[PDB]
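Here's the letter readout for the chains.
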Amino acid sequence: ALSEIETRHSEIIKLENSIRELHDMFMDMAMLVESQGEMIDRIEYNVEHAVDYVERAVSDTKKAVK
Amino acid sequence: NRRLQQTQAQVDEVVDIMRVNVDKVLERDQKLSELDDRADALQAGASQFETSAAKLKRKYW
Amino acid sequence: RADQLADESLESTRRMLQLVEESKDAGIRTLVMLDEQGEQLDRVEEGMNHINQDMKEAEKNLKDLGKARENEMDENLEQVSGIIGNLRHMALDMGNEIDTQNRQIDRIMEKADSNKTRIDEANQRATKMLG
Amino acid sequence: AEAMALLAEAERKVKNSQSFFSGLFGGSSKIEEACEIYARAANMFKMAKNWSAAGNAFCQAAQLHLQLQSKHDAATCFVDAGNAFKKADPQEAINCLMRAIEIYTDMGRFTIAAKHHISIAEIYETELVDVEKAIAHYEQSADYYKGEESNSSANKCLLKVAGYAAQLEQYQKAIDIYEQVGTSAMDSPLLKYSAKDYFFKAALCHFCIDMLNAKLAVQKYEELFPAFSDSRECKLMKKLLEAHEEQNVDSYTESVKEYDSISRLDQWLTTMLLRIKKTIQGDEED
Amino acid sequence: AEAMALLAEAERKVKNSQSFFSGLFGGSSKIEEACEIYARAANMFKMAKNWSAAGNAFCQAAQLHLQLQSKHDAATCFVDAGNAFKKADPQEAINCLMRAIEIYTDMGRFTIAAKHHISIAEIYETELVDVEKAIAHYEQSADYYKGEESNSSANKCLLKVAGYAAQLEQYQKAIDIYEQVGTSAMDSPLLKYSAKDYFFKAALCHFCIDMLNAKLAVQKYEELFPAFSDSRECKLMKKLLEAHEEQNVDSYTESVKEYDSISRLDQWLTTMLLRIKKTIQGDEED
Amino acid sequence: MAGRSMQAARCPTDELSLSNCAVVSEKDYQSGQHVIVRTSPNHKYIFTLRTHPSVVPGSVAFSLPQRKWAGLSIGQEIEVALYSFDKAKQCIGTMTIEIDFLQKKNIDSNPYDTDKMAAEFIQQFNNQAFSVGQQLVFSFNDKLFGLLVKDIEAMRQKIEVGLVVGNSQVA
Amino acid sequence: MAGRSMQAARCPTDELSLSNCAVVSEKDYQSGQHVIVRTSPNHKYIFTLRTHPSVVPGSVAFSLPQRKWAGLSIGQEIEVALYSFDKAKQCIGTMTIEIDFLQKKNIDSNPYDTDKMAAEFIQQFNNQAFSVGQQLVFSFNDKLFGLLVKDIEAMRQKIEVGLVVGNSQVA
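Going down the list, the sequences are from chains L, K, M, H, G, A and B.
Just so we're aligned, residue 191 is where the first sequence starts under the authors' numbering, counting upward by one.
Just so we're aligned, residue 29 is where the second sequence starts under the authors' numbering, counting upward by one.
Counted the way the authors' numbering counts, the third sequence spans residues 17 to 83, 141 to 204.
Just so we're aligned, residue 8 is where the fourth sequence starts under the authors' numbering, counting upward by one.
Just so we're aligned, residue 8 is where the fifth sequence starts under the authors' numbering, counting upward by one.
Counted the way the authors' numbering counts, the sixth sequence spans residues 1 to 155, 169 to 184.
Counted the way the authors' numbering counts, the seventh sequence spans residues 1 to 155, 169 to 184.
With the rest of the complex left out, here is chain L:
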């Protein structure tokens, strides 16, 4: 009976639908997580060293009061 085989169909496509769109979000995600990764590399970097320069600044201030 087509009324039964046709019903199955409409349900599978509408299933395929919601699918591909969701998967789209997975892709964009990996694309977003990446951009953020390279941006944090510069953050930590500038911060890490920022602590190195200050570490030398404080070491001098301490020896500037003795």
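Do not take every clue at face value.
If you anchor each label on the Cβ, the simulated ranges turn out as follows [what the hints assert, rightly or not]:
#, chain 1, residue 1, chain 2, residue 2, range
1, H, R282, G, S195, 47 to 53 angstroms
2, H, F214, L, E228, 28 to 34 angstroms
3, K, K83, G, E129, 42 to 48 angstroms
4, A, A81, H, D137, 47 to 53 angstroms
5, H, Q98, G, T278, 57 to 63 angstroms
6, A, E26, G, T260, 55 to 61 angstroms
Derived by calculation from the structure, the hints in this document are not laboratory data.
Note that CB positions come from ideal geometry on N, CA and C, so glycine has one too.
Please build the complex by placing chains K, M, H, G, A and B on the supplied structure of chain L, with the hints as guidance.
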């Protein structure tokens, strides 16, 4: 229709978590960028602190 | 078109199995990357608590200084459904690894601007009593 | 705690001293004191949401800061001013940011210069509606990102450049940008995924090219039958290329109608697709 | 504001003082001046798109800085120089980085040392095409990552090492690397899924062994049957192991053609599978 | 002569796009000369020139088929140099061509006299260059076809490219 | 009236394309006047002008059918000159037209009532210039045709060019 409707929403429910993932992951991107403008702006003054702390070294040491 | 709909929609579920498989692997990178990001921040805080101290001392030192078709079909979909187990292993952990860090990042930005100010003041009070 | 009062005090102290008030030494602490004043005013202005009064206030404090000897925190103030005017009712948001970048740039701070540069081009488009200059900024900024080996941001910006370039008839310059952003994308197996859409966009963009500029760029693509991600990129393209080489505005309009079942058509694609639809109809009754 | 002028003044000042110029004290306070000079010039050079000049300028400011006793700000500058030469036209983009690591390493900053170490082995391969030194770096770098319990980056690098090692005919040393990276990946349930491909590679890699080194590696693999993931690993391998132990290069070349469906074969696989497709034929006509 | 940089373009009219001739300007070359298009160290082709008052100096126009064969691009840079055939052993005497309706949309079961074809083919494609595997369109009675050179022989040695003359037999 | 240089352009809208009229600017000519395009000593063509707020001053736009007839190209320099018809020997009274279907895509041949065709023909092509052997498009019931003037008779003398009026019969 059995396995159909079964696997049907099985993903419609996975379509939600990503809606949360894409957002929670994008909200961070902007917050980190905010720290990139302050953290650097900080050391920017550190360049002054080092020199300033040195000028104090040649006055009391 | 029975067989033309039970196969095309199935042909997609097959092109769908890998999809979530491809997104799962792509998601794994988010796992290893958000794990690396969490580590590289543990040191940031370390350097943030490092500056917090030194400044407090410096400031004080300056004061002291101033003064079988469906059987397989299902298996292909089951794999897509099982992947949720991996999709769960991601959104969760990192999803929470997001809060902990963000709440920490703000505490990092503040102190970051805090030390900055105390440096401008220290410099001003220092200039007036320079060589 | 009154802004008007502060603004007045600030003005009263922001002036190079001489004669009896000077004594011997000037006083950068004065100009800076005034800065703190204006800042304090701009703050309460932003509090009551008068923005137009906050922004112009920051400007003052910012300008004065320069008269001190602190370009850094000053530029950051210019940013506060830009953020104010942006979320305000007047303009000036463009001037403040230009005044901010001149500082980050001359200071040796390109990372940040570009961070505000993209914001700028984003304003000159979503607000002033001046894409011709916006693209110019999206580009120079992508160049700065490309200098900091920050492939990511560089590509984001390039994508903006080409994206709006196609909308400004610049179809060729668009494919070129897509080619570059595509070549410097395969190197990293992290972009392999999205690397499709680039080829689809590029192949779609046509500088009125009367040939197979795309049919040559469609085969250049490395598609794979089993690769299902690919079925969402060139597979359609080929079918569109035949529908154009035969002036059949029916096979193309049908293939796009079918493709809108497996892969939804975003606003962009839609616009360009109809542009090609016209190149076809137009070549029929033209 | 002229770089050409600054480069001159910097030189005129970079020189161990003496006589009247030295007065009572001096040295670092003078060399540092020339340092920020060259940096100031390198900036405008990078502004005028003269990169080359910018890089050589940073090289100057850098070397001088070392002549002041501040390896830290120095190495960072060397990196800036590398960033210049890289996105420039000359070379030395490899020299600056080495000069940076020699500093980050002896200084103790292995974390960041490996951070640039991988960038190095990445350029020595995508550019200089010096796989020999490339592997050496990818490796030592992974050793550093392994020291900072950064299992993650460590394996990323190991994967590079083995990956390119199988290309240099180092099949055996490759499978060994895959075994190590495999034993240090099961401890982390955050990698179990990917752990398959490792065994697939290690089993595909053949150091001209005619035995069943692979039939033993495929057995060492832990798989059940209803594994959604495991379908992309050994299942094929066995079929490949049988197509070899029967000198039938027709079932192997067919299995690679079929498997190429459920899982698209990337470059690597193709090359090795061809090196396996040849051994059989060579075992036939022999 | 030694080679000059040009710019690929589109065939002026439709009548020339049926002669399989590289339409050029009268301020550069003339009608009858031969050239060798270069696009890569491993991509060399040979075409025939046919001037037209609608060609801009410093650019060679090609039809759709030609672009589908030589894989050329309207806008890219291509090197063109004069080429002289050795009529001593390059002249075509017997060239087989695989004909088939270019557009499978206007296919019919009507009869087509070959004699009438071999007559117009040499009457429009005389003193020109043809290569083995070359793709072109033949305009016979306003009907478009797809000619596919299979084999070429000189007046018996086999050659890739040849020069069709008046006494050239076509099958 | 002495003749001025113009530049061939592309028809603005489609409505002016089915009117078979040379669209011009309101800053040059006026709707209703006739002109004679000159491309060479032995090539004079007459068209009907129809201004439009899109035409650029110093250029005349022609449709595809007109360009394929008068042999005009997009970007050529021509000379236009006003032309006044003599309603005493150029008045069309019986103009025969070879009617065929322009496009061979749509295939529907219901009993096209000729009477209704001649009624809509003059209701859209009235007070216009038509020459023998001229090509154009006819819109009848959302259908495109391919007319071709074979012979024109005045109100019997044969004319090369005439002016269709209200009482102009068409066959």
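Range agreement (Cβ of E228 (chain L) with Cβ of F214 (chain H), hint 28 to 34 angstroms): Roughly 32 angstroms apart at Cβ, these two residues keep to the hinted range, so it holds.
- prompt: CB of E26 (chain A) to CB of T260 (chain G), is that within 55 to 61 angstroms?
  reply: Since the Cβ atoms of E26 (chain A) and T260 (chain G) sit about 57 angstroms apart, the hinted range of 55 to 61 angstroms holds.
task: Go ahead and decide if the range 47 to 53 angstroms is satisfied by the Cβ distance of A81 (chain A) to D137 (chain H).
output: 48 angstroms, holds
field: C-beta pair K83 (chain K), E129 (chain G): status relative to the range 42 to 48 angstroms that was hinted
entry: The hinted range 42 to 48 angstroms holds for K83 (chain K) and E129 (chain G), with Cβ atoms some 43 angstroms apart.
task: Please test the hint of 57 to 63 angstroms on the beta carbon pair from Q98 (chain H) and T278 (chain G).
output: Hint holds: Cβ distance 59 angstroms, inside 57 to 63 angstroms.
message: Between the beta carbons of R282 (chain H) and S195 (chain G), is the distance compatible with 47 to 53 angstroms?
response: The hint (47 to 53 angstroms, Cβ to Cβ) holds, given that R282 (chain H) and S195 (chain G) are roughly 50 angstroms apart.
Checked against the numbered hints above, the structure breaks none of them.
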